[PDB]
Structure formats: C-alpha cells, structure tokens
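Chemist: Below are the chains, spelled out letter by letter.
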Amino acid sequence: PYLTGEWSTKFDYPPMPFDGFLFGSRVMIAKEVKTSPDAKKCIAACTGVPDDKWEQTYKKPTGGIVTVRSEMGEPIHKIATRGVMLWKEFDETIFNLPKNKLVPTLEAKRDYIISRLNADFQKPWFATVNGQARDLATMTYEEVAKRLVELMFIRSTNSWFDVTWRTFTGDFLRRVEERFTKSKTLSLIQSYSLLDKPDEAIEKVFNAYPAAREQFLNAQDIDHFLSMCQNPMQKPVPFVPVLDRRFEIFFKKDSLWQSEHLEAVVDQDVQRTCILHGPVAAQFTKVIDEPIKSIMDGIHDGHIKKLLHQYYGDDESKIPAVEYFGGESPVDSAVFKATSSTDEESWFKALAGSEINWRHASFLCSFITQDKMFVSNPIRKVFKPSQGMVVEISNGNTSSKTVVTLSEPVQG
Amino acid sequence: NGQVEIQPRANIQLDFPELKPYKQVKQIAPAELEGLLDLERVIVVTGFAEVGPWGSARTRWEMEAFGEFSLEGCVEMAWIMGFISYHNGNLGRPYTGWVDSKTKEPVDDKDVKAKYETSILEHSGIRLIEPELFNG
Amino acid sequence: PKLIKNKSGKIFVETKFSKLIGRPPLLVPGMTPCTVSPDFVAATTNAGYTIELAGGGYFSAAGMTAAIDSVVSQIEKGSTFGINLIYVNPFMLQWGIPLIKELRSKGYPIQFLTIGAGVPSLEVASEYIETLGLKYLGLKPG
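Protein chains in written order, with the deposited numbering: chain Y, 779 to 1109, 1123 to 1203; chain X, 969 to 970, 979 to 1067, 1069 to 1113; chain A, 567 to 708.
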C-alpha cells in the first residue's frame, strides 16, 4: 500500500507512493546473520503488536518488546528478557534518582541488587564464590583469579574470549606475585600466552605463593583491581565489580554483543541478554534460519506479482525491456563538433544515444570497474569536449555495428 | 637478526599467634590439666600495642630483635612519620600506590628504603631533643 | 510504480531509487550488532540487495578497514555496498569520514554513506557530498 501510494487514502489524502523500503528487525533471524540460535528462537517467539498499539512499550512488555533507556537516556526497543526487565526496573528505581540520593539507595538495596545481577543479568556480581555473595575485600587472591578465569575464559572453545581479558588476568597474577614475593625474583608468567590453559598457570602461581590462597585482597590491590577494570584500551569486563556512583556505567556499558556470543554468557542464557527488536515488525519475524536471499526475493517477487496483476493484466510480455537497468539519476550517421562553450552534459547525452546499449553505458556511466575497484570512466575523460574535437558516429541505429571515431587537429 | 622480573611490595601482617595442631598442643601441657582449671579465672592477653620512640609494637620489635627494618617495617615507619602517603586516582595516568607526601611523586616499596631509611633512623629512638616536638 | 526487465529477463520494480541503483528498491539498514558482520553484509550483497555495514561495531580505522576488506574479498566483482555511521559518536565520525574518503580515493566499492541518530548540518553535509565521492547520501530524519 506504500508502494502504490494508497496507504494515505484512508487518511483522506491523495495517494503518496514511496520509492523503497528498509527492513531491520525482519532480517534478524536470517541464516547468514551472526545471531546466536537461542537469540533467534527468542526473537521468533516475539509475537508483535499492530501499529496502533506499539506505544504500549514505554510502560510494559507488548508483543515481547519493551522500551528501556540507554546510558544517555535515549529510548531503545529491546526484547523483554529477564535482563532487560531488570534494566527497566533499575531505570525506574535507581538511575532516575538524583546524584546525591544514588549512593545511599545502592547501599540500602545492595543484597537485592546483587541477587538480581547474579540471577537475571548478563553482567553478574563479580564477588560471588560458590553462589555466596561477597565483596572484593572478602575474597582471596586465588578466588579472584578463579573467578576471572570462570567469567573470561571460554571452555567450549578453550580460549580467552578477548585477548585483553587474558592481559587483565595475567596482570592480576603478576600483582599477586609482587605482593607475596619477598625479594628480587623471576615472574612465573613470562608470557601471557601461558594463560592459554589458565588452570595450570593459576596452580603454578599459587603454589609458589601459598599464602595468597587464604588471605583477602589488600586494600591497595582492591583499588588496583577496580582501576584496571576501567582501562579504556580494553574490552569492558563482563561483570559488575562494585556498587557506587558508577553503577549505571558498569551496568549498561557494552550491552549488545552478548546476544551473538552466548558461549561467553554466564549460563549461555539469552534471558540474561539484551536484544534489539521492533514491536510492529515482530509480527512477521517467524521463520528461523531462512536465508536473506529468500526473504528479500520473497518481498520483491510479491511486489512484482501484485504489480503485474494490477497494472499489466498478468502478462509479462507487457513489461518494457531495456538492455540493462540502472545508472539513471533521479534528477544513423552524425557529426559532432566541440567548442569552448559546449556544455559537457548535453555533449555526452548526444554521444551516448537514446537507446540503452553499450554506447549508452560507455558515454553515460560515471564509473567503470577494475579488478574489484571503481574508477572514473576513462571514455568520458577521453571524450571530454574541447575546441577542435570532431566526433563521427556511423551505424548508430545498430549497436552491434556502431563505430564512434574521434578526430582532432594534429600537426594542423 | 633484528625476562620479566618481580619486585617485592610490602604486605604488613598482624602476626596473630600461630595455632598448632591439637595433638602437638596436648603434648605440651600435663595430661591432667584437661578439665582441671576454671577457665573463668585464667587471665589472658588478647591484644597489645604501643606508641614509642620506635613507632608501633611491630617496628619496635623489629628494631629490638634484628636491629634493622624489613620492607614492611620500613614502609610502616615511612607511613607513621608522614614521608609517604597513599594515592589512588589520576596522577595524567591512573596511579594506585604510595607517593611522596611533600612532592606527590610516586614511590615503589622497593625504593622506600633507599629514599627514606636514613631519615627514618635519624629521627627515631633516643636522639637529640627537637624543639619542634615540644613547643619550642 | 512500474515493472521493467533487462535482457536476461529479470523483472525489476521500477522506482526512482531502483532506477538509480539498478537493484530492487529494498535495502538492509545499518544495524549494530547485525550488519557489523562482514559475512552478513557480503551475503546480502551477493543476494542482490543493498546493505549498510554498521560502523557502530568498530572502534578504529584499522578494524573497519579489515572488515571492509573482508566484505570486498567475499563479494563478487562489480558489486558495492554502503556504510552506516552514527552522528552522536563524534569519535566515530572523526576516524570514519577520513577513512571513507581515503578508501573511495583508492576506488573501494563503497556506494553510499548513511548517517544515523541525527542529521548533519548543512555544512557537514556539503563536506560529505563533495569530498567523500559517493554515489548518494543516506539520511534518517527523526
């Protein structure tokens, strides 16, 4: 109805056709999209809502979609997962307070926040040992290292999800060795590549410094850990290390990649993650893993079928045919002579000819193709009009035999 | 054709008494003692401290027993005497650790001795009386 | 709307946009995280439909250059694609607009640039239109 312009008639307006369409949410379950399988199933589960009811996302889930606020306060449409619902609850109970009220509320609600992060969100509370909520000040160095490995090393692929996270863990082990060493000594982790099997490196480090296995973190090392959790030249840590004024930043930063990398989420659970999807477009996102070619060809072929039926009598012989389709901006024997004042556009329009064929492209296409690159049309630059140029065309009516000859004064 | 070494950082310990396995502890006192004493009439010291010419109990013990400070003792004396202070934040790069109290320059635990031990020893213990400490 | 066909007999929904780009008037917009994948961009372009590589998944010119090189190595000769940049990310624009200019000067098949989350000012838009050497400019008014 938007292609034909009839969409506006219901509003008592003249038809207003449009030039094209874009489909975002619709192709989020395409076979070639990197979205994780469980995320594709969650997207498909979203039933959607008709346009007249979409605005019921600011207040509650509708069609599986809700509206939450980003770091800057901009609205975002996301799937109403457990993590997103926690996001919304925090938006309306913590983040909307004034700066002076924020800290006491975090202190008063600390246990609830920690439980909710550990249960529902893609960034859990870091200081949690065997299900028991703690604080960095109440964990041993071995426990910190083990939690780092648990949250940063992927066992399925047996690798560190990000090399920067391996650098983080290696730096922490290096600070452990610094704290419990008693004199000049060689570091046990000479290269961070030794962390590629983290358990062995941890066992080595904490065998050489057994005291660190039953001693809580030094206050100076708590500060160091939290400072290196803020290193801009590193991927944001996948956890919340502390509750303080920066809790919103710790909670919301880097929130979109987890849906395509569920192997690096706590339990490979989509419900912890954040997925962007539209309330109204969700009504058509049903079939999982349908190739993008199929989805786009389906839309285009439906348009062609409807147009054929409505405006061509279901007769494809009615369709006009050109040699090639494209290159059109939205805005038998001849002789041509160039001058200083000749305008380039009309000169090239005359040289190209009225029919769409090789001559047309030769004289009107703005770019040609190299091995894979696009470069300015050499033919046009060679035929750029200037005083003295004389162009002779013969057989312009039979493209297969047309010959365009350019003559210029040489030696008189 | 075109190693990494680790420096020590001070880790001050409280030095609670070492508790040994019950078997060894039982081998010390007479076997008849079990149940013999009214433990509500036995007095025990559970904590102690001091402020003296050599700082706390820890630093005074180190000077009394060994005649010299360890890295922990030197760092504690530097902190007590105000030579060094703790900093955590921007210093442009982010820094967490000790800094010089007068110049705010960073200080590593390894360098604390070389920077401050002569001053620490010169201004501790029995020494010439300093009018600045006793109202002129 | 109209229907047209070429010598192969392929039918096109003829439209001002489709007439310009020689391809169906349907495109995949820049989406972070989905269009960040160079595999998905190449797959959509090899299917015959316009797509914008999302610049919101990249944090340096080197990384985006590697992603564009991957897309180029995957798409067939003669194909092209677009780039989407966020206007509320001053850093991205600072490192991305010069990158697009350099790549276009190299002849990279970047057909267009789309600006999301804001419309530039007339002066910036003029800078883009003149310098970047693109076929057309995409804007997303709100």
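Among these hints, one or two may not hold up.
What the hints assert, rightly or not - Selected chain Y positions facing chain X (Cβ under 10 Å, derived; list incomplete):
no. : residue
1   : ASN874
2   : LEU875
3   : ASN878
4   : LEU880
5   : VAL881
6   : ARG953
7   : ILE967
8   : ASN996
9   : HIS1002
10  : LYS1013
11  : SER1095
12  : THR1130
13  : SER1131
14  : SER1132
Said to hold, decoys possible - Subject to a maximum C-alpha distance of 16 Å in a straight line, what follows is the list of computed EDC-like cross-link-like pairs (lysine to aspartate or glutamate):
no. : chain 1 : residue 1 : chain 2 : residue 2
15  : A       : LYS571    : Y       : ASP816
16  : Y       : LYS1163   : A       : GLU642
17  : A       : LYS568    : Y       : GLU1041
18  : Y       : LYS866    : Y       : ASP816
19  : Y       : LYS1084   : Y       : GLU1094
20  : A       : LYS568    : Y       : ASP1079
21  : A       : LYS706    : Y       : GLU1136
22  : Y       : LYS819    : Y       : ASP1067
23  : A       : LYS576    : Y       : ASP869
24  : A       : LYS573    : Y       : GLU1146
25  : Y       : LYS960    : X       : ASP1014
26  : A       : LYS571    : Y       : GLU1146
27  : Y       : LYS1071   : A       : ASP605
28  : A       : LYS568    : Y       : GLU920
29  : A       : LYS571    : Y       : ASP1079
30  : Y       : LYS1083   : Y       : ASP1093
31  : A       : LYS568    : Y       : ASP797
32  : A       : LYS576    : Y       : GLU981
33  : A       : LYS585    : Y       : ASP1093
34  : Y       : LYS1030   : Y       : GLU1183
35  : Y       : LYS1064   : Y       : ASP816
36  : X       : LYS1087   : Y       : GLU956
37  : Y       : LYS1084   : A       : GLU580
38  : A       : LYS576    : Y       : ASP1045
39  : A       : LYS701    : Y       : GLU1106
40  : Y       : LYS960    : X       : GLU994
For the record, the hints were derived by calculation from the structure and aren't laboratory data.
Ideal Cβ positions, reconstructed from N, Cα and C, are used throughout, including at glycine.
Chemist: Could you run down the list of hints and mark each one as holding or not?
Modeler: Status of the hints after comparison with the structure:
Because the beta carbon of Y:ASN874 sits about 28 Å from the nearest beta carbon in chain X, more than 10 Å, this interface hint is broken. Annotation: Y:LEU875 was flagged as interfacial toward chain X, and the flag is violated, the nearest CB pair being 25 Å apart, outside 10 Å. Interface hint status for Y:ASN878: violated, as the beta-carbon distance to the closest one in chain X is roughly 21 Å, over 10 Å. Among the interface hints, the one on Y:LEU880 is violated; its C-beta lies about 20 Å from the nearest C-beta in chain X, farther than the 10 Å criterion.
A hinted interface residue such as Y:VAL881 counts as satisfied when its beta carbon comes closer than 10 Å to some beta carbon of chain X; here the least separation is about 18 Å, so the hint is violated. Look at Y:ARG953: its Cβ gets to within about 8 Å of chain X, closer than 10 Å, so that hint holds up. Because the closest C-beta pair between Y:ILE967 and chain X is about 8 Å apart, less than 10 Å, the hint holds. Hint on Y:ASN996 holds. Least Cβ distance to chain X is approximately 7 Å, under the 10 Å limit.
Satisfaction of the interface hint for Y:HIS1002 is found here, the shortest Cβ-Cβ separation to chain X being roughly 5 Å, below the 10 Å cut-off. Interface hint status for Y:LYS1013: violated, as the beta-carbon distance to the closest one in chain X is roughly 18 Å, over 10 Å. Contact between Y:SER1095 and chain X, as hinted, is not supported at the beta carbon level, the nearest pair being about 72 Å apart and thus beyond 10 Å. The interface hint given for Y:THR1130 is broken, as the beta carbon of that residue sits about 63 Å from the closest beta carbon of chain X, more than 10 Å.
With a least beta-carbon distance of about 61 Å to chain X, the hint placing Y:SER1131 at the interface is violated under the 10 Å criterion. The criterion of a C-beta within 10 Å of any C-beta in chain X is not met by Y:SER1132, whose closest approach is roughly 62 Å, and the hint is violated. Our distance criterion of 16 Å between C-alpha atoms is broken by A:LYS571 and Y:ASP816, whose separation comes to about 41 Å. Only pairs whose Cα atoms come within 16 Å are accepted, and Y:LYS1163 paired with A:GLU642 is accepted, the gap being roughly 8 Å.
With a C-alpha separation of about 48 Å, the suggested pairing of A:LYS568 with Y:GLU1041 is violated against the 16 Å cut-off. Restraint check: the Cα-Cα separation between Y:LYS866 and Y:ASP816 comes to about 22 Å, which exceeds 16 Å; the hinted pair is violated. Proximity of Y:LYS1084 to Y:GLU1094 is assessed by CA-CA distance (about 12 Å); at most 16 Å being required, the pair is judged to hold. A C-alpha spacing of about 13 Å is found between A:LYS568 and Y:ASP1079, which places the hinted pair at or below 16 Å, so the restraint holds.
Taking the CA atoms of A:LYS706 and Y:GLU1136, the gap is about 31 Å. The hint is violated against a cut of 16 Å. A threshold of 16 Å between alpha carbons decides the hint, and for Y:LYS819 with Y:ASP1067 the separation of about 10 Å falls inside it, so the pair holds. For the hint pairing A:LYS576 with Y:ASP869, the CA-to-CA distance comes to about 52 Å; that exceeds 16 Å, so the pair is violated. For the proposed pair A:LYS573 and Y:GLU1146, the alpha carbon gap of about 14 Å is at most 16 Å, so the pair holds.
Distance hint between Y:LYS960 and X:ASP1014 is unfulfilled; the C-alpha atoms sit about 44 Å from each other, more than 16 Å. For a cut-off of 16 Å, the pair hint linking A:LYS571 to Y:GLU1146 stands: about 15 Å separates their Cα positions. Between Y:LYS1071 and A:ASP605 the alpha-carbon distance is near 13 Å, which keeps this suggested pair within the 16 Å criterion. Simply put, A:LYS568 and Y:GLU920 have alpha-carbon atoms about 70 Å apart, too far for the 16 Å limit, and the pair is violated.
The suggested pairing of A:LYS571 with Y:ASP1079 holds, with an alpha-carbon distance near 13 Å, which does not exceed 16 Å. Between Y:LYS1083 and Y:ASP1093 the CA atoms are separated by roughly 10 Å; this keeps the pair inside 16 Å, and the hint holds. A distance of roughly 11 Å separates the Cα atoms of A:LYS568 and Y:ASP797; the hinted pair therefore holds under the 16 Å criterion. For the hint linking A:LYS576 to Y:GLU981, the alpha-carbon distance of about 66 Å lies beyond 16 Å, and the restraint is violated.
Of the pairs offered as hints, the one joining A:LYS585 and Y:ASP1093 is violated, with about 22 Å between alpha carbons and a cut-off of 16 Å exceeded. Between Y:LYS1030 and Y:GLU1183 the CA atoms are separated by roughly 68 Å; this puts the pair beyond 16 Å, and the hint is violated. For the hint linking Y:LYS1064 to Y:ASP816, the alpha-carbon distance of about 14 Å falls within 16 Å, and the restraint holds. Restraint check for X:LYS1087 and Y:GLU956: satisfied, since their Cα atoms lie roughly 11 Å apart, inside the 16 Å limit.
With a C-alpha separation of about 13 Å, the suggested pairing of Y:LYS1084 with A:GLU580 holds against the 16 Å cut-off. With a C-alpha separation of about 48 Å, the suggested pair A:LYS576 and Y:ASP1045 falls outside the 16 Å cut-off, and the hint is violated. Using a Cα cut-off of 16 Å, the hinted pair A:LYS701 and Y:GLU1106 holds, with the two alpha carbons roughly 11 Å apart. Distance restraint check for Y:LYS960 and X:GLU994: the Cα-Cα separation of roughly 20 Å exceeds the 16 Å cut-off, and the hinted pair is therefore not satisfied.
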